[PDB]
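Enquirer: Take a look at the letters that make up each chain.
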Amino acid sequence: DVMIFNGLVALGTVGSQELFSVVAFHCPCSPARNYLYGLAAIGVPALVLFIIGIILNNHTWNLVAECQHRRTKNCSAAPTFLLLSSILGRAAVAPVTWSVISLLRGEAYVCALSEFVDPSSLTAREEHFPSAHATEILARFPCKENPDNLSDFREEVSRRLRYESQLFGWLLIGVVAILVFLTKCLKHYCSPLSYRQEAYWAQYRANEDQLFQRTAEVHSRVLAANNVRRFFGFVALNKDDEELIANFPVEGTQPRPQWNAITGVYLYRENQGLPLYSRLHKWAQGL
Amino acid sequence: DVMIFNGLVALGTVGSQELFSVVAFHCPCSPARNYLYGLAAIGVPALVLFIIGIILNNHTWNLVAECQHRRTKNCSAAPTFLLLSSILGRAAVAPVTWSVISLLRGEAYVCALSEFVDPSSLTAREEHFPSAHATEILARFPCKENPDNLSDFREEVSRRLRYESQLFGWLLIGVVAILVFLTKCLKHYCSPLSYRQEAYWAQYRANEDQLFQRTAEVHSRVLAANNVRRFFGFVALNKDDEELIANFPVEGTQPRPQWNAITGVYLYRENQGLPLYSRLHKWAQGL
Amino acid sequence: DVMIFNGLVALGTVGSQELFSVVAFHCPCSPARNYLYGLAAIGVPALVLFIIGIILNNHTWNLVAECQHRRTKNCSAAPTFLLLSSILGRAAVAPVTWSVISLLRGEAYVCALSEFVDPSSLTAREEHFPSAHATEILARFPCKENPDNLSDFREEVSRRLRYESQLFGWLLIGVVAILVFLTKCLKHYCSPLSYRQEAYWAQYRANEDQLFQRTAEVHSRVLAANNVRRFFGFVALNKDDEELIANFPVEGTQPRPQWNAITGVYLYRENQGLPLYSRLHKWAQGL
Amino acid sequence: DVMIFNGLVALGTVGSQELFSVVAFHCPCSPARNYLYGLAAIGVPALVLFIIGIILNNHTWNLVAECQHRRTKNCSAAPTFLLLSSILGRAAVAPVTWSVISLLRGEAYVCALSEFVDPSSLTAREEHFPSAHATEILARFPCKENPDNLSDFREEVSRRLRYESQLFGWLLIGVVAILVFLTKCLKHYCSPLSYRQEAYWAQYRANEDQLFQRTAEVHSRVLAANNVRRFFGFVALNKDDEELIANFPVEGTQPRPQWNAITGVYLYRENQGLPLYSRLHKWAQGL
Amino acid sequence: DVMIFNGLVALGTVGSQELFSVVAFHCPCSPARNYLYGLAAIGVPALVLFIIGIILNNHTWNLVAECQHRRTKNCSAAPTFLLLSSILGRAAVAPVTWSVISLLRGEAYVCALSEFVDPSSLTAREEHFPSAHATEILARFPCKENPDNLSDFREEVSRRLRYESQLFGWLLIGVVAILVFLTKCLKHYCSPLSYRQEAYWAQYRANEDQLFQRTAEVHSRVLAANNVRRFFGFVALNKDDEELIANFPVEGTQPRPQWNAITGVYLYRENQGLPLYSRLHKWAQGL
Amino acid sequence: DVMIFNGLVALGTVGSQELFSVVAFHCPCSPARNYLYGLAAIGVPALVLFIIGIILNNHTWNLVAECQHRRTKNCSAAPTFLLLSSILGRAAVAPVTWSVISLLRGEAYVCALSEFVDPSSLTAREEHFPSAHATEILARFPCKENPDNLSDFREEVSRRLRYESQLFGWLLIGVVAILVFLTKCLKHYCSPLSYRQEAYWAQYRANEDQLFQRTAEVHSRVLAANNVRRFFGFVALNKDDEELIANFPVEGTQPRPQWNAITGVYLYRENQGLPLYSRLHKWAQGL
Amino acid sequence: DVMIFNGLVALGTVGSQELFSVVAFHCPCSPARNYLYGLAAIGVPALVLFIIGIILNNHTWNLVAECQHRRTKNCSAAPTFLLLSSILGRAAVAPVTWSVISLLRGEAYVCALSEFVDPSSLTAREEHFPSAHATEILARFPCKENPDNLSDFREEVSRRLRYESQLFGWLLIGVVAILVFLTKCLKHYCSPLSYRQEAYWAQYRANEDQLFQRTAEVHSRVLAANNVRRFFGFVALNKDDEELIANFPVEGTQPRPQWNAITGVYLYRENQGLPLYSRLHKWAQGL
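Residue numbers (PDB author numbering), protein chains in the order written: chain D, 20 to 306; chain E, 20 to 306; chain F, 20 to 306; chain G, 20 to 306; chain H, 20 to 306; chain I, 20 to 306; chain C, 20 to 306.
It is possible that part of the hints are untrue.
Derived contacts from chain F toward chain E, CB cut-off under 10 Å, selection only [what the hints assert, rightly or not]:
id, residue
1, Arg52
2, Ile74
3, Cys86
4, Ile197
5, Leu242
6, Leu256
These aren't lab readings, by the way, just hints derived from the structure by calculation. Where a beta carbon is used, it is the ideal one built from N, C-alpha and C, also for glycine.
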């Protein structure tokens with residue numbers, strides 16, 4: 020549901036950027052210059068949204084942290100690759116939907132490859148094409164700048180390039196669908212565990228992260244209240260905060276090697292047959 | 020009701036994609052090139068939505084898991100074939116409704132087979148058809164690009180191809196209705212059990228999956244709370260969560276072979292006459 | 020009331036399909052080709068909705084199940100024929116209303132039999148009918164493609180074929196009304212029982228199916244809870260679900276021959292004068 | 020009130036069908052062919068709605084049941100004739116209101132008898148009527164197809180036939196009102212009982228049918244619960260359903276001759292002066 | 020109040036029928052034929068609504084019942100004539116308001132007597148009236164079919180006939196008002212009793228009919244419950260219905276001569292000076 | 020307040036009839052015929068509403084009853100004349116307001132006396148008045164049928180007759196106001212009692228009539244319940260009705276001479292100085 | 020969430036300033052003068068919003084305070100650099116979004132570099148470019164001030180400069196996205212601690228700042244109440260304020276070196292393995 024909500028939010032963001040008044044497109048009708056603009060208008064929003072989907076997903080930062088302090092190449096062909104699959108999923112949701120939307124609009128590709136259409140190879144007009152002014156008048160086709168002598172030629176070349184754009188767009192969404200199917204079949208075939216145990220593991224990681232955020236906020240609040248009380252002599256707590264101080268007294272916090280034993284990417288090591296679903300769980304069973 | 024809701028959601032999605040402003044259609048009026056676009060515009064959304072209906076249905080992943088870890092060909096002509104029937108139902112709901120909708124709109128087929136209409140075989144105009152420019156002016160018919168000398172010819176060939184498209188669409192929805200009837204009659208004739216027992220089995224699988232999701236979330240939450248309490252010294256629980264810790268204490272989780280004995284596709288083996296409706300039920304009766 | 024609700028839903032669905040923007044009709048003005056389109060546009064929606072009305076009605080599946088496992092030809096001229104009457108009622112509600120609606124619209128039949136109208140047999144124009152171009156210009160009448168020399172001829176032949184269509188439609192709804200009257204009189208004359216006992220039997224089958232669905236869901240939920248508790252050690256139940264586990268404890272489920280003795284089509288055998296209103300009732304009186 | 024509600028519902032249905040966009044009328048302007056269409060458009064909706072009013076009224080089925088199993092001609096000139104009067108009332112409410120509505124619209128009759136108007140017998144034009152083309156140009160009058168030389172002739176013949184239609188419609192609603200008065204006076208004169216006792220008998224039949232439906236549903240529910248409990252071991256009842264099982268325990272149901280002694284048309288036999296208002300009451304006094 | 024409500028309902032029904040789109044009027048401009056249509060359009064709705072007002076008023080049926088079983092001419096010049104006065108009041112409310120409304124609209128009478136206006140007796144035009152075509156062009160006046168040479172003649176004859184129609188309508192509503200006054204003065208002068216005692220008698224008949232309907236429904240419900248309980252063994256009652264069975268137990272119902280002694284038209288016989296306000300009251304004082 | 024409400028209701032009814040679409044007026048422009056229509060249009064609604072105001076006021080019926088059974092001319096110049104004053108007030112509220120409204124509209128009188136205007140006595144035109152066609156063209160003035168040669172003459176005669184109509188209307192409402200003042204001064208001067216005692220007498224008659232209606236309804240309901248209980252054995256009462264039976268038991272009703280001693284017009288006889296405000300009060304003091 | 024809210028607020032502010040009526044842009048068409056205006060219109064809002072984002076973020080002031088009173092260069096390559104990263108993030112959110120918005124609008128750059136386009140290097144017009152009036156007529160291009168002889172030249176140069184502007188804008192948002200990725204990867208690689216411990220540290224700093232603001236407000240209020248009570252003799256407190264005086268009595272406040280030991284930028288020194296998450300925490304552990 021949360022992954023479906025993130026996919027719906029990414030689709031709504033691409034649809035909002037898809038119909039932008041000036042962001043959507045402004046084709047330069049110029050030879051050897053417009054396909055660079057098409058490459059820009061498809062790729063740089065794709066690369067920006069791909070980078071942003073890397074940025075907003077925290078499991079990338081878990082991965083560079085595990086590469087940083089451990090650095091022992093323990094992240095083999097493992098659930099670290101499943102983490103990377105989730106990274107590329109929640110990241111590359113947005114560049115491929117930007118690419119298929121701005122390919123089904125067709126505008127970037129007809130602006131792009133208009134400089135490379137052969138003048139004598141197309142139809143629906145007479146061959147009034149001086150070779151010295153060939154590619155220059157070819158490039159002015161997406162701006163509706165062709166004269167009445169080549170208006171039908173311009174409509175024919177525009178329809179042909181819009182065909183090739185939409186065919187390339189449908190083929191690209193087909194190959195990204197088959198890549199999603201292939202990575203999911205490869206995940207469920209190279210998994211060491213079930214799908215029911217994988218769902219239980221997903222519910223465990225969700226419950227552990229939610230409980231850990233709640234109790235880290237509460238333990239931090241109790242530590243802050245102890246420091247504040249040591250400073251002034253009292254703490255201005257709420258009623259619920261006074262209940263938090265009454266319920267969970269602390270004295271000290273776990274050292275940095277303990278926090279290092281907690282952190283890392285997820286694992287599925289098994290302590291004597293019994294499974295360990297997270298590094299916190301591995302550390303708790305280790306004591 | 021849930022299958023009817025999924026069918027209504029798939030029909031609404033096909034109707035929303037059916038009337039798309041640019042996604043719906045842009046015919047290239049070009050010889051030997053437009054039927055490739057018609058094949059694309061019908062098949063690649065059909066294959067994409069068929070792949071997506073495979074992707075979103077989890078029983079595919081149950082099937083590849085059972086092919087993966089068991090791999091003993093126990094999934095014979097069995098309720099695994101009924102699982103595959105449910106897979107193809109909830110998957111191929113969307114490609115055939117896309118195909119019948121974009122065939123009753125007719126646009127793809129008149130754009131497709133306009134290159135293959137014989138010029139002298141149709142009527143309502145004089146035979147002003149130079150053979151060197153035959154198929155090129157034939158292909159420009161769906162773009163309303165025919166002149167006034169062949170406007171009635173273009174309307175006649177457009178009506179004939181729209182006829183053949185809608186006839187092919189109605190014949191295809193008729194044969195998919197008779198294939199639904201044939202697979203349901205084959206299911207209810209090759210079943211080893213009743214329909215009342217099949218309905219009881221469906222209610223059992225629904226109750227077992229719902230109860231198993233709820234208790235797996237709860238058991239994961241209790242295990243996460245035990246690990247968090249082992250880390251900090253306490254857990255920030257809610258009131259309902261404190262009730263969950265009070266009601267259901269855990270010590271450990273079932274091993275991976277136990278999770279393997281639970282997982283798999285559904286079965287109807289009978290332990291000494293008494294039926295076993297799921298692999299979890301078979302495992303529970305095995306103890 | 021539920022049969023009236025199903026009839027109102029089928030009538031609303033036919034009315035929604037009746038006024039469809041492109042689904043409703045596109046006549047090919049072509050000789051020896053348009054009556055095939057009329058046959059398609061009336062019959063293939065009729066056969067599709069007839070097949071769907073067979074599909075959605077579960078008593079068909081009860082019938083093929085009773086033909087499957089029993090196969091002893093016990094379903095004689097019996098209430099199995101009354102089951103078939105209910106099948107054909109709730110199925111053929113939709114094809115005959117599609118046929119009478121698309122016959123009172125008239126469009127399919129005037130598109131159909133325009134190729135077979137004799138040119139010299141109609142009136143309101145001069146006989147400007149070359150026999151080599153006779154049937155071709157005859158077929159273009161429903162597209163309003165007749166010239167001003169034959170515009171009154173086209174209006175006369177259109178009004179005559181619309182007459183014959185609406186007369187055939189009214190005669191068909193009259194004969195389906197008299198077939199409904201004949202099958203209901205044949206049901207109430209070939210019945211072995213009263214109408215009050217038939218109403219009591221209908222209320223019994225409704226109460227038994229509703230109670231059986233409720234208690235099969237509840238018994239399945241208790242069996243699933245026992246299997247889940249055998250797996251984890253506890254079940255995450257709701258309050259009502261905990262009441263269900265407290266109220267109705269189970270140990271095991273009835274074997275497949277018991278489920279076979281329950282299933283089948285309805286019967287009215289009488290155990291020593293006392294009536295048995297269902298196969299479950301026959302089995303309960305058998306013990 | 021319920022009869023007034025059924026009459027208002029039938030009047031609203033006739034008014035909704037009365038103003039139908041295509042159902043209301045399409046006159047074929049053709050000689051010896053349009054009065055068949057008028058006969059169709061008045062009679063076949065009349066016969067269909069008359070058959071439907073027979074179908075939806077259950078006392079027809081009580082009558083064929085009493086003719087079926089008794090078959091002793093006990094239904095003499097009796098309250099069985101009053102049952103037939105109620106049948107023809109609640110049935111023939113709809114054909115006569117369809118006939119008077121589509122006669123006061125006038126369209127069917129002016130379309131019908133336009134082929135039989137004498138050309139020289141009408142006025143407001145000169146006698147430009149070739150006898151070889153007489154009836155053909157006579158039949159085109161309701162389609163407003165008469166020329167300007169016979170436009171006043173067409174308006175005069177249209178007004179005369181609309182006169183004869185509306186006069187025939189008013190005379191028919193007058194004779195159906197006097198037939199309603201005659202059948203009600205014949206009912207109240209050939210009755211063996213009062214009007215106060217007839218009102219008490221009507222309230223008795225209403226209370227007996229309502230109470231019998233309620234207690235047949237409840238007795239069927241208790242029998243179904245006993246069979247379900249014999250199958251599984253328990254019943255999933257509601258709270259009200261548990262109260263129904265607690266209040267009214269059953270052991271068995273009445274035989275088919277007892278249900279035959281209950282069923283039949285109503286009677287007014289008197290057991291030794293004391294009246295018996297229904298066959299159930301006659302059977303209860305018989306014990 | 021209830022009589023005023025019935026009068027307001029009859030006036031609203033006449034006003035709704037008064038402005039009907041096609042029901043209100045269609046004049047045939049034809050000699051010796053249109054006054055028959057005017058006689059129809061005024062009289063047949065008048066006679067139909069008069070018959071309906073007889074039909075819906077139950078005291079007519081009380082009158083034919085008292086003429087049927089008693090038949091001893093006891094209904095002399097008596098309150099049976101007051102019953103007939105109430106019958107003609109609540110019946111002939113609607114024909115006279117239809118007649119005065121469709122006379123103040125004037126259309127029927129100007130359509131009627133246009134065939135009998137003398138051509139040389141009217142004014143505002145020159146006497147361009149050929150006697151062979153006299154009455155035919157006279158009859159076309161209400162359809163606004165007179166030429167410009169006789170347009171002022173047509174307006175003058177239309178205004179004169181509308182005058183005579185509205186004068187006849189006002190004279191008819193004046194004479195029906197004086198007939199209402201004369202029948203009410205004759206009622207209050209030929210009454211054997213007061214007006215206060217007549218109001219008490221009216222309140223008595225209203226209370227007796229309301230109480231008798233309520234207790235006949237309740238006694239019928241208790242008798243039906245006893246018969247149903249004799250059939251099944253119990254009755255599905257509501258809470259109020261269980262209170263009705265607890266409060267009013269029955270054993271049997273009154274014979275047909277007792278119901279005959281109750282029924283009849285109202286009377287004012289006096290048993291030894293003490294008055295008897297109804298036949299039920301006469302029967303109760305008789306015991 | 021109730022008299023003011025009746026006056027406001029009569030004024031609203033006259034205002035609604037005053038602006039009627041066709042009821043308000045249609046002048047026949049015809050000599051020696053239109054003043055009869057004006058006499059009709061003012062007098063026959065006046066006489067009808069005067070008769071209706073007599074009809075709806077019950078004290079007329081009290082007067083004919085007192086003239087009927089007493090007939091001893093005891094109703095002298097007495098409060099019976101005050102009753103007649105109230106009769107003529109609540110009756111002739113409506114004819115005089117109809118007359119002043121349809122005189123201030125002026126239409127009836129200008130339609131009426133246009134036939135009697137002298138042609139040479141009016142101005143604003145030349146005397147183009149042939150005596151043979153004098154009164155005929157005089158009568159066409161209210162229909163705006165005068166030519167341009169006499170358009171100013173028609174406007175002058177229309178303004179003069181509208182003057183005489185509105186002057187006659189204002190003089191008539193002035194004389195009816197002075198007649199109201201004269202009858203009220205004559206009432207308060209020929210009264211035997213005060214105005215405070217007259218107000219107390221009016222409150223007494225209102226309280227006695229309201230209390231008498233309530234207790235006559237209640238006594239009739241108790242008598243009807245006793246007769247119904249004598250018939251069936253019980254009465255279906257409401258809770259309030261059961262309280263009415265419990266509170267006020269009856270045995271019998273007062274004879275017809277007692278009801279005659281109650282009825283009659285009001286009186287102010289004084290039994291030995293003490294006043295008697297009604298015939299019921301006179302009868303109660305007589306015992 | 021709060022950082023996402025600040026980013027959404029900055030994006031909404033840039034979008035509101037982006038579409039300003041006069042603030043958005045007014046290009047001076049003048050040589051060697053308009054690129055200074057483009058540099059102004061992009062840079063001075065960028066530098067102003069960058070300065071404002073420095074101003075509103077308080078951690079800048081924490082940094083200058085730590086540079087002021089400590090001044091011992093203890094803020095090495097440390098979490099002080101992470102503080103500077105948060106400063107540049109929440110500051111430079113707004114200048115780069117202003118720069119990419121006003122570059123995708125394109126207006127500033129086409130206004131800027133129009134003075135430097137070579138006249139003979141562009142196309143779509145004849146070379147009507149006097150070198151003495153070259154750059155002056157070049158600079159008038161963004162004001163649409165070019166004549167019809169150079170209108171296509173002006174559109175071509177405008178499209179080329181809008182291309183170069185939007186390409187430079189997309190390249191700049193790409194390099195700022197890769198700089199965000201590089202600074203976040205450098206933060207998570209040069210961190211001495213985990214990401215879970217960093218999240219706990221962030222929750223600690225949030226709880227300590229919130230608790231410290233609340234208790235500093237409360238301690239200040241108690242000190243102010245003590246001073247006010249020393250002045251007047253009493254304090255006008257609220258009920259909650261009276262509770263604050265009752266709960267937390269003070270006598271004196273901490274000296275300025277104690278407040279200096281509290282203040283500073285954040286640190287992660289570790290007192291004998293146990294971590295110290297803030298300078299207040301370091302001071303509290305120091306006692």
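Enquirer: List, from low to high, the hint numbers that the structure doesn't satisfy.
Expert: When the structure is compared with the hints, only number 4 turns out to be violated.
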